[PDB]
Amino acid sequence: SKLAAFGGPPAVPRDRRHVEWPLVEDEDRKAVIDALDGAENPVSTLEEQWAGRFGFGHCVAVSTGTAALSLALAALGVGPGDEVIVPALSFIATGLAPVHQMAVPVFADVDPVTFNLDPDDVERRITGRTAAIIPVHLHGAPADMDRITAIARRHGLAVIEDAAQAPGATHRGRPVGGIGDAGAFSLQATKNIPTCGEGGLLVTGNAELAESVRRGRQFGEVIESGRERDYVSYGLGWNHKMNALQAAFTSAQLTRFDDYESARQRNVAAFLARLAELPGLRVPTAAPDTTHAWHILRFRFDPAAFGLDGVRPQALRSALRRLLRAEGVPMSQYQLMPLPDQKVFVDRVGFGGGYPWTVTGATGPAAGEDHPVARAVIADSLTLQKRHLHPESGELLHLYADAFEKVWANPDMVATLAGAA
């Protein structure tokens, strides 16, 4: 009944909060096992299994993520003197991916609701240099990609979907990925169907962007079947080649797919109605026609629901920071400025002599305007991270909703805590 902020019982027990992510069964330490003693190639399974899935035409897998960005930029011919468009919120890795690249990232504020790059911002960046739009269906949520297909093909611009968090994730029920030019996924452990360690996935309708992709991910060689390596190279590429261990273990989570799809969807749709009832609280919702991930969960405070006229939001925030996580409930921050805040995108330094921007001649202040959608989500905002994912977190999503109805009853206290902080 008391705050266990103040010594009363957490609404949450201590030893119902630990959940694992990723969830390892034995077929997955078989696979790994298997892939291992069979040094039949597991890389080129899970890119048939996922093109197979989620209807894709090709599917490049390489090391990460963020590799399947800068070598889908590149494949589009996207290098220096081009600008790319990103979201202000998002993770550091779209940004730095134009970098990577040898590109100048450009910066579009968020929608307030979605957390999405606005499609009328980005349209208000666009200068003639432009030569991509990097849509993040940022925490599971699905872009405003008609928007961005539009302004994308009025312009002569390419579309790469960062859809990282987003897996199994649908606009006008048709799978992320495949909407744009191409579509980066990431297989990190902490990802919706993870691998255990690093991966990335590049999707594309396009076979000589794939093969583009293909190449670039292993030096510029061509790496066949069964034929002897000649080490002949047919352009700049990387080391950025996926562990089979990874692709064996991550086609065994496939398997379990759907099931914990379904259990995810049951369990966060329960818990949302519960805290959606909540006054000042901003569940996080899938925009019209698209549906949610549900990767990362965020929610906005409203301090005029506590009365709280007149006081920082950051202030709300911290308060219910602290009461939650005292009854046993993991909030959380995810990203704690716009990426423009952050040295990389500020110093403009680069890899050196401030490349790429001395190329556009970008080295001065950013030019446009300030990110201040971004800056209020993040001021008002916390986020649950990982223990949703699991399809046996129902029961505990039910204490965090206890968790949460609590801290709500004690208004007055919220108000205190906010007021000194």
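Residue numbers count along the first chain shown, from 1. We call the rigid core whatever largest set of C-alpha positions still superposes within 1.5 Å between the two forms. First, how it differs from the form deposited in another entry.
The comparison between these two forms, aligned on the rigid core, picks out a single residue among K343, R227, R153, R172 whose CA moves by 2 Å or more, and that residue is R227.
A movement of the C-alpha atom of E395 falling short of 2 angstroms is seen between these two forms when the two forms are aligned on their rigid core. Core-aligned CA deviation for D26 between these two forms: less than 2 Å. With the core superposed, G368 shows a C-alpha displacement of at least 2 Å between these two forms.
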The other form holds:
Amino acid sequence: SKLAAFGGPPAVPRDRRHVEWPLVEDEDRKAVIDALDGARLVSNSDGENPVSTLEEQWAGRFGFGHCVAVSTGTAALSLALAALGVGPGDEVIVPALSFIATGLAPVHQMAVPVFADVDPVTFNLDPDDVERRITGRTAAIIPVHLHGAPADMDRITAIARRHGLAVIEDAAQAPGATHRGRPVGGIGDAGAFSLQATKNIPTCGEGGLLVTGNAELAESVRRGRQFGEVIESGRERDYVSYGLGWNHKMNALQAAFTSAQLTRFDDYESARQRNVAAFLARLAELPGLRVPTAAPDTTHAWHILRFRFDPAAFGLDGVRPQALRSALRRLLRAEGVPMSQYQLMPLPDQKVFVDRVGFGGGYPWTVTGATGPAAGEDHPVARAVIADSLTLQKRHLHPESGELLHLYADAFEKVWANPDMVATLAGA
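Switching conditions: you have the form deposited in one PDB entry, so give me the form deposited in another entry.
All you get below is the one chain by itself.
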């Protein structure tokens, strides 16, 4: 059939396009209602409560020694850094391609983020570029399991242990993913998860989880999330603040909702993994289309699908890849495929990291007089990946999205059947 962009029928009819996420069932509604009526609405509520219940269930499902429920994935990262003694005068190596929270977490704990370039295929921090950027000030590495792909934990943990650095996994985008059969989050000193409403195991709003095998680390995060106070069910409180703490408490209602979601997680995983595999198998046949992949000895959570497009496949060798990216985005959106970008620039190009003002007076950079790259200066692979890639977000997460992803594949095949029109749009 003809391209929608030139008057043909869209591959994805409008009545098929909408996807509900989070997927709210009666079990979720009842969990929320029971949390309201339970009269234990806060983390610090004495006795059994939905927050401690989620901590136990998450730890149990993923085999973690300790789980500390917190306000956000960002708070999980910053509290992990605080617990591991990272702070003023320390550097933390993070990927140049991530959600900004990965770069901000070090700043939040008054440490300096140092950006390492990513791998052109995995989109994860390249251990080859991590080694280059270690200094006398480096205290920690935050590998991100970006888009749901576990990072090269062999080489990241090897680098950290060779240099005496801490490892905090940013596993926000990769719940249930494994590296050498180990649940992500449990491989580093600590692991951070986001339960934000867009995530693979969402809450009805905001939420975070910190996991660790280290009891002392867990206890530090437990104090840190509640103004530095010890709060233990049954134990007598002393209302002492033992050190720097915040209000990073998770909501009981959100905890109860995620507990309900977690009971169905692997049923949804089964559907997602089948649906995405079938979708990527069709796109993998299209020349100049690189489907995302799990690295060796890993599984992919498929939180975000990022595709790279080769101009050479459309005879556009020499033309800015961004021209092809824009042409494909326009044609696929006309078919009803909600192709997006995820990050328009590497994190080091963000004003917060370029300006190095931070809290004011250049802190945390001012502690050591540490500098960073100017905008556009470094991280060519992160730039190359952004230049030629489009993403699919949300729609593939729903267990009933099988037929929708086949309609998306119909759209991709239609566009690829009209390479002359792709080339024309790209060249205009």
